[PDB]
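J.: One letter stands for each residue in the lines below.
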Amino acid sequence: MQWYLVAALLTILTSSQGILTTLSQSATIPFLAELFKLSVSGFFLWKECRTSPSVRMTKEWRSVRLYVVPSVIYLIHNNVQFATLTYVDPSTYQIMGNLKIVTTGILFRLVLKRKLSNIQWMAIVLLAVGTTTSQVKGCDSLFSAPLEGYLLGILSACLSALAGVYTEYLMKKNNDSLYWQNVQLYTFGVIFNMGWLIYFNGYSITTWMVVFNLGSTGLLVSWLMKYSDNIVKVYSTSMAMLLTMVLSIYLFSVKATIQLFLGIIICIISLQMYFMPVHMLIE
Amino acid sequence: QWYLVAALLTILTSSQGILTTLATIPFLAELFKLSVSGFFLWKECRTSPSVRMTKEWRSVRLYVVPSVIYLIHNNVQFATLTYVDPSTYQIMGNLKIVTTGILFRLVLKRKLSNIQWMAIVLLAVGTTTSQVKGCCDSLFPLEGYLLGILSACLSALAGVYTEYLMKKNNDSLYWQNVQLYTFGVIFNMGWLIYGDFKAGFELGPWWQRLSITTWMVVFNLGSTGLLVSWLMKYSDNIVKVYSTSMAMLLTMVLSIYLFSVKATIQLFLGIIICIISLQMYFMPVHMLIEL
Numbered sequence: 001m002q003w004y005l006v007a008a009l010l011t012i013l014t015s016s017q018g019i020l021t022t023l024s025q026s035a036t037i038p039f040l041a042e043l044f045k046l047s048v049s050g051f052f053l054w055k056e057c058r059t060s061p062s063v064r065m066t067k068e069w070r071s072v073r074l075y076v077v078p079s080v081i082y083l084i085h086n087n088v089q090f091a092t093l094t095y096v097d098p099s100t101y102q103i104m105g106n107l108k109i110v111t112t113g114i115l116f117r118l119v120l121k122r123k124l125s126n127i128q129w130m131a132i133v134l135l136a137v138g139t140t141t142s143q144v145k146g147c153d154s155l156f157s158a159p160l161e162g163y164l165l166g167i168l169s170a171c172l173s174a175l176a177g178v179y180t181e182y183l184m185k186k187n188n189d190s191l192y193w194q195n196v197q198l199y200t201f202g203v204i205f206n207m208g209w210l211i212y229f230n231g232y233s234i235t236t237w238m239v240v241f242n243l244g245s246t247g248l249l250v251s252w253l254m255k256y257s258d259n260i261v262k263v264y265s266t267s268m269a270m271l272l273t274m275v276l277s278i279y280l281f282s283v284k285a286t287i288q289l290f291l292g293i294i295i296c297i298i299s300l301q302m303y304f305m306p307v308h309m310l311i312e
Numbered sequence: 002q003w004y005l006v007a008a009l010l011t012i013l014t015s016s017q018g019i020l021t022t023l035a036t037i038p039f040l041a042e043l044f045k046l047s048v049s050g051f052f053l054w055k056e057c058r059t060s061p062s063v064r065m066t067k068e069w070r071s072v073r074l075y076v077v078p079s080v081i082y083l084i085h086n087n088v089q090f091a092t093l094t095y096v097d098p099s100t101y102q103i104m105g106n107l108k109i110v111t112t113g114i115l116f117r118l119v120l121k122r123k124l125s126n127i128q129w130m131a132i133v134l135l136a137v138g139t140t141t142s143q144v145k146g147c152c153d154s155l156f159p160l161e162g163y164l165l166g167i168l169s170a171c172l173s174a175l176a177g178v179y180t181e182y183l184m185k186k187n188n189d190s191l192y193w194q195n196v197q198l199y200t201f202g203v204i205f206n207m208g209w210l211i212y213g214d215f216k217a218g219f220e221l222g223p224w225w226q227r228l233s234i235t236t237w238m239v240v241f242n243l244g245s246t247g248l249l250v251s252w253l254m255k256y257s258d259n260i261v262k263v264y265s266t267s268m269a270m271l272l273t274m275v276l277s278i279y280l281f282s283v284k285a286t287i288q289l290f291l292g293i294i295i296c297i298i299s300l301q302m303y304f305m306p307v308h309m310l311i312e313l
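These protein sequence lines map, in sequence, to chains A and B.
Going left to right, the first sequence walks through residues 1 to 26, 35 to 147, 153 to 212, 229 to 312 as the deposited numbering numbers them.
Going left to right, the second sequence walks through residues 2 to 23, 35 to 147, 152 to 156, 159 to 228, 233 to 313 as the deposited numbering numbers them.
Just chain A, same shape as in the assembly:
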């Protein structure tokens, strides 16, 4: 129940689905992954009602209706992601993607109205810069894309951030049960995943592993949306992507570069800056 252990586990599992996704490289995963979160949340909700004297649960449409929004944002986001890739090569797209770190940062302050120090603001930026540094191409063509590409890449990041920030709003706007908030959230996700398909096929063990892993990480993200903040999330995600590159060296035997070494140092420092207690920062 310690936020850092959840955050650490999210890091471990965000990089697990990273590797397990590639290992199954020679579609309806998101659908199965949603139902896994919805059915595991439902289970704990039901179990909590049967085990516990009191469970706080707002059934009023005033608040339940708002769990649509994340799904609507994520739907629009996925169209923008697809749109972007038709103007930019994947690496240009991948590196514009580190802007979600700063856009979550900004909306954290604007929408969630939480305050950050100067040292913290410098850490948010350093994280984005440190991740980008690691992804710079070890010795493609960015700076060559149409304006549409650059503008969409940016709007993609804003939607990504908005979805996460709005979810935190939903969790923290009530003193309701985590499991009941999940059940509403993941109900609309199931509905929308299904509406998309309305708008197996070699399913291996490996395939089932990523469905579980994608479900797992998603429940942790919700936990952190409730009992911790978006910035903790994006530090977990970002450290996952660094670990993925470090694990790719020992497994898929990919070329370690100086930009990986540098980006890790930047990120480790960006971690300390943001999460350091301000008495420790000052010796």
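Errors might be hidden in some of the hints.
As the list claims (entries may be wrong) - Computed list of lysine-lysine pairs in BS3-like fashion (alpha-carbon distance at most 27 Å, straight line):
| id | chain 1 | residue 1 | chain 2 | residue 2 |
| --- | --- | --- | --- | --- |
| 1 | B | 255 | B | 121 |
| 2 | A | 284 | B | 284 |
| 3 | B | 284 | A | 145 |
| 4 | B | 145 | A | 145 |
Stated by the list, open to error - These stretches of chain A come out as covered by chain B in the derived footprint (C-beta under 8 Å, 3 or more residues):
| id | segment |
| --- | --- |
| 5 | 130-138 |
| 6 | 300-309 |
What the hints assert, rightly or not - Computed footprint of chain A on chain B, listed as stretches where at least three residues anywhere in the stretch have a Cβ under 8 Å from a Cβ of chain A:
| id | segment |
| --- | --- |
| 7 | 66-73 |
| 8 | 132-145 |
| 9 | 234-241 |
Simulated from the structure, these hints should not be mistaken for lab results.
Every residue gets a Cβ at the ideal spot worked out from N, C-alpha and C, and that includes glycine.
Since the structure of chain A is provided, determine the placement of chain B on it from the hints.
T.: Below, chain B alone, put in the same frame as chain A:
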């Protein structure tokens, strides 16, 4: 004010950068520093009633050391380049930032916060990032890496030891310069004699053989060198290496508007790292925590 000197050093360290692309001068550059220091020393003795000056060999002898280190350093620099390409050598050079950092604490026994230590590292990381070979490419023998490292330690030791000399006395800047740059002139001159000996003196008469652009860099190299001494006395090595490092960034950014050279994201990124590394080190710790 130290920051204006530091800013001027940045401006002039990038000037000699450009003017270079447009090497006996070390001798003329030292002679310029020795003769400009001598002038101010003489003028200070004629103008002020007392000028502090330690003439005792106990302390005067210690101005040899920098020259001995710099001599050894130049041999190591040359030695290194025979194992690694220019670029690998250029990027190993950012280690002087951390070695000055360490010796600042060890030799100069000065205090650095955690935030400051993180800034020293960030500066080295930020400069490296701007240099790092994008899309000529032979990083990733040990001699090379070990000598590159030893080079940085000596570089740092020379700078840190000079600061020690300036700040070990409450003597005049101009008298400290005059001792420092006397040994430099002597050694520069011994080297030029050696170099002529190496080719049997067979070229034009050594004493006789001793553009405008050429004169610009001699002055420019002299100028920056006097500023470094000022900062060794009334400022620290870390301010120096921030000035140098920002010069190397400026040089790359100025090369884009002048020589129209290849702008990369690594330049953009390294600047942001460095800007942030600047704030971290030179920010007052109450400002670092304000909203």
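J.: Taking the hints in turn, state whether each one holds.
T.: Okay, the hints, checked on the actual structure:
1. B:255 - B:121: 15 Å, holds
2. A:284 - B:284: 25 Å, holds
3. B:284 - A:145: 16 Å, holds
4. B:145 - A:145: 9 Å, holds
5. 130-138: holds (count 4)
6. 300-309: With 5 residues in contact (Cβ-Cβ under 8 Å with chain B), the coverage given for the segment 300-309 of chain A holds.
7. 66-73: violated (count 0)
8. 132-145: Holds: 7 residues of the segment 132-145 of chain B have a Cβ under 8 Å from chain A.
9. 234-241: Result for this restraint: violated, n = 0.
Consistency with the previously given hints fails for numbers 7, 9, ordered from lowest to highest.
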